[PDB]
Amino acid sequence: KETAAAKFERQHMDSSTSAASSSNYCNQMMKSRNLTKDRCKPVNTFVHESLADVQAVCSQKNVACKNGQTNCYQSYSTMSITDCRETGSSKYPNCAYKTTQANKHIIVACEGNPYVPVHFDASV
């Protein structure tokens, strides 16, 4: 079975491009990472940095998570990210997304041993 760590990688990691994200990026990426299979996932962020760099965030700035948990960590550096947000006219199974590239600090929740990202919380 897929570990929480592997699920984070599937849902939130895209090291292959620096930013590129054509206007079509989210439409394609959300489908293939199986984020559209059962419903259209409303909001989802992909991070364009190395896995080691995103894993390192788990030892960076400890911040409160949105749900009140204490295991969130904010990256010291900005990172290349793409936000995918479902459009108003998007109709499952034809999931449609607006693609927005940005350079922001990421906030992830980390768990386990090894202590690794398991949830994408926010960007700031």
Second form
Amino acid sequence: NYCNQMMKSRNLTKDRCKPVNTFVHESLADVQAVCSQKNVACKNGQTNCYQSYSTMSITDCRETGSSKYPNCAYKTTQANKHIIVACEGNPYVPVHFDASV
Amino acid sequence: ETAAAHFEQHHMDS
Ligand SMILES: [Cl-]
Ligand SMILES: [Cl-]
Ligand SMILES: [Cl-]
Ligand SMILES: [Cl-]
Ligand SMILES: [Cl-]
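So the form solved without the partner chain is up there; where is the form solved in complex with the partner chain?
Whole complex next, starting from this chain.
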């Protein structure tokens, strides 16, 4: 499926199985734009999180309960949802993907 | 890689 292929290609699962990851089907600049959208609290207590005004096309890749390295197995779910990212730096850009809603 | 580069590699699929 898409998740198994992309998780491997993007170097998430070549050397382990990662429980969850999200891919966003939008331009890089459209996701970078989220760091000047709605400032929200982060779960970690920090306050450098931002939520997109709009929903975006996203695929969630979630490992199955029985999956184990090397043969990682993913459930694929497609949705249109808002994204929440942590931003840092100069330029002030996304550095972590937090949630989708 | 930078944290920013990692983010784009791990999450973006334009
Ligand atoms: Cl592992
Ligand atoms: Cl994620
Ligand atoms: Cl792009
Ligand atoms: Cl903070
Ligand atoms: Cl952070």
